[PDB]
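Excluded from the complex is one protein chain; the other protein chains are retained at their positions.
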Amino acid sequence: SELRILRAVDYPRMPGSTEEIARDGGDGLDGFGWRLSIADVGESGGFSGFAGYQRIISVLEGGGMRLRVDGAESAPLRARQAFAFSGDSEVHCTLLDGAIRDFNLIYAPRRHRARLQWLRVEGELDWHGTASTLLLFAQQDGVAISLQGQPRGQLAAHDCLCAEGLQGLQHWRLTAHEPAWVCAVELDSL
Amino acid sequence: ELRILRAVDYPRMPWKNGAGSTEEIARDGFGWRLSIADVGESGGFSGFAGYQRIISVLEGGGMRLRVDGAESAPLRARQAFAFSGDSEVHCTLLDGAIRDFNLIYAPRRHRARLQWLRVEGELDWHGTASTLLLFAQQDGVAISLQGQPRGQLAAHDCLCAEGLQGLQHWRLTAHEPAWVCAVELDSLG
Amino acid sequence: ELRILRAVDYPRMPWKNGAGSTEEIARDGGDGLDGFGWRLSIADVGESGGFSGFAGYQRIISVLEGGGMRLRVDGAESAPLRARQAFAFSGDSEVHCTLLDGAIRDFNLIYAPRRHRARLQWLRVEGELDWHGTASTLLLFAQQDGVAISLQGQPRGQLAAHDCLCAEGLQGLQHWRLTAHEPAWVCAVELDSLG
Partner (left out) sequence: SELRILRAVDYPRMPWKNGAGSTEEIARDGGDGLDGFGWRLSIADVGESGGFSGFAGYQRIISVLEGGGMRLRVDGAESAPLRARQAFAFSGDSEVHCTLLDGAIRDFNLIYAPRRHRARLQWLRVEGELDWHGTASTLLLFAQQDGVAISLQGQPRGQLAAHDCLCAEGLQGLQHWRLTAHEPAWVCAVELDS
């Protein structure tokens, strides 16, 4: 069991470019079970494939995008509107009005159960869940997090709590002074 | 596979001690059971040995639960609280009768998640849980799955979707804000 | 294992002389007042008077509430004893308690030194505090409300005023952490057994 608050100031950047927040482990863009990242998309163009993986993307900032997946055009995607597609698909991204930054979850579906939900913390919100892995990404600054009643720290914009190997039902409570959007990503192995 | 359970069809069973009564919404020696209860008197809770419980007040002044000697903070509407069915538990009503919402489940058979959500216009999430119980506390919640409308819920109705496979995209909409409780269960294995 | 004892459940036994009463919090085992290895309790002392003996035992007493007391031990008068000032004396000593100004309540550890090693310390929990220890038995008494306890990073409960955590049979080095919103005094009692 482990719990850490990952700081945006520590995220590495790789090649468009992507900032990886976390991964379960493994090497390269072919060796992980799951990976969470923030990407910068400055031009319309194709998305590289992640064969065998399931993808869920959300724009964070910018005018949005429209994704053509295997010839089929998605609806206009705006901030925090999660969209799921297969890494096996041929995807072209059309930027609606300029560069955007997005939030991406990529995972192997035959080995990891997943849940992804954007939530707006207004004062306080909470939930109970048995997920072994929780990634809680704060889009806006100022989200404090407690687990089983114990305060665990505060998140600044783009920081992300990462908890792994949790066992049993967990009670998570988020608090904030001003409305703050966060994305809760939960994963379970096999 | 996918049904919308209607409150008019829920059975009601009074408690042996006359302190309340329970309306069972759904159940899978059960693996899990979801119910609504009227609690009119303070008193102890019958045990559900080996089960995990999560209780939430739906209306009324609230309650305070004493679990194996530990007194909870005051519990008001939609403040979920978890405790073991093996624990000794006494419920003290804070200010009169209340109605609650309860999940009881076998932890060694099902993984579980429970969250109160206020649908303001629309909200959505993607999830892989095999079973979703979406309870509407208020009227007017429409639910779509994978972009396909699946119906609407009136106050206290509950969507029950079982045996779901793969990532699901759930969207809830309401013309006027409405509180719902999303309970997700999966058969671990 | 680990249990939090609640003050509302402590039994109360009036002293046969009517000068007070005792509420036993816990004991390792054994019967009566001469058969235990260690015993923790809270006593009410309503009048000045002699203290009954606990032959062969080491005692550590602390005032909890009230103006305080002065103990005359084998003829030597102690300095005035006020809240949370632990004082050790032998159960073999002749002891007279003089109440300074009215009734008091005290916290008492009585133990057999040939069977148990002991440590006792009043700690004021201001936000957070932690320590590592190998003691097999930990009794953590909260004088004031609001202390949350975690062991090895895991929350284990919360104590209201006069509640007491009792952990026995602990093996190896333990990491204990206490947290409180409003400052709260606690008394950490650690015991280890001969052998």
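In this document, chain identifiers A, B and C correspond to the written order of the chains, with residue numbering beginning at 1 in each.
One rule holds in what follows: a contact is a pair of C-beta atoms (placed from the backbone, for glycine too) under 8 Å apart; a residue touches a chain by one contact, two chains touch by 3 or more.
Q: Have a look at C:69, C:110 or C:135 and name the one touching the chain we're not showing.
A: Counting the whole complex, the residue in contact with the absent chain is C:135.
Q: Among C:63, C:64, C:118 or C:159, exactly one should touch the missing chain; which is it?
A: Of the listed residues, the one touching the omitted chain is C:118.
Q: Of the residues C:2, C:7, C:86 or C:100, which one touches the chain left out of the display?
A: Once the missing chain is taken into account, the touching residue is C:86.
Q: Where does subunit C touch the missing chain, residue by residue?
A: The missing chain touches subunit C at positions 58, 60, 85-86, 88, 113, 117-122, 130-135, 172-173, 175, 190, 192.
Q: To test your reading of the contact rule: which positions on subunit A touch the chain that is missing from view?
A: 2-4
We take it that only the chains that are shown with their structure count from here on.
Q: How far is the middle of subunit B from the middle of subunit C, if each middle is the mean of its Cα atoms, in Å?
A: 44
Q: Just how far, in Å, is the C-alpha centre of subunit C from the one of subunit A?
A: Between these chains, centre-to-centre, one finds 51 Å.
Q: At least two other chains touched by the same residue of subunit A: list those residues.
A: Counting only residues that touch two or more other chains, subunit A contributes none.
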